[PDB]
Amino acid sequence: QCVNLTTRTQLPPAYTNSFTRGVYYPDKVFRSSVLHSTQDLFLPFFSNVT
Amino acid sequence: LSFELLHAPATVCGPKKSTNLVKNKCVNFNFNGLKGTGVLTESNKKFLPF
Ligand SMILES: *[C@@H]1O[C@H](CO)[C@@H](O)[C@H](O)[C@H]1NC(C)=O
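The listed protein sequences derive, respectively, from chains A and B.
First residue of the first sequence: 14, per full-length UniProt numbering; consecutive thereafter.
First residue of the second sequence: 513, per full-length UniProt numbering; consecutive thereafter.
Misleading hints may appear alongside valid ones.
[Said to hold, decoys possible] So these bits of chain A aren't anywhere near chain B, every CB distance computed over 12 Å: (1) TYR38; (2) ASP53; (3) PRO57.
[As the list claims (entries may be wrong)] With a Cα cut of at most 25 Å, we get these calculated SDA-like pairs of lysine to any residue: (4) B:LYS558 - A:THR51; (5) B:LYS557 - B:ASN542; (6) B:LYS558 - A:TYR38; (7) B:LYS537 - B:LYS557; (8) A:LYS41 - B:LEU518; (9) A:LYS41 - B:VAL524.
Everything labelled a hint here was simulated from the structure, so no lab data went into it.
Every residue, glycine too, gets a C-beta built ideally from N, C-alpha and C.
From just these sequences and the hints, can you work out the full model?
Pasting the structure below:
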């Protein structure tokens with residue numbers, strides 16, 4: 014059974030900042046002491062996270 | 513036995529050719545569909561599992 018519930022309470026969520034997080038390895042290659050420029054879907058630095 | 517071939521990744525291939533690996537010879541190589549030519553030598557590089 015799926016029992017109905019309409020007593021949901023709306024509570025305003027907090028807002029905070031993702032300072033230097035949201036980075037991942039974009040592929041499966043090996044590099045050593047190299048600066049590399051990539052274009053992809055990333056989380057912008059100092060963003061607005063819930 | 514029946515085979516279904518649709519717009520799918522088709523992970524079932526089956527038989528394939530195997531070969532022993534040679535070293536210190538300028539040779540043609542094919543690693544997982546990656547084609548190339550050159551001489552292969554032991555490597556001391558530390559990769560990652562992925
Ligand atoms: C995030 O957005 C809210 C409005 O949706 C804003 O009030 C808040 O200042 C923002 N946080 C920042 C810019 O760090």
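Go through the numbered hints given earlier and state which of them the structure violates, listing their numbers in rising order.
Hint check: 1, 8 fail, others pass.
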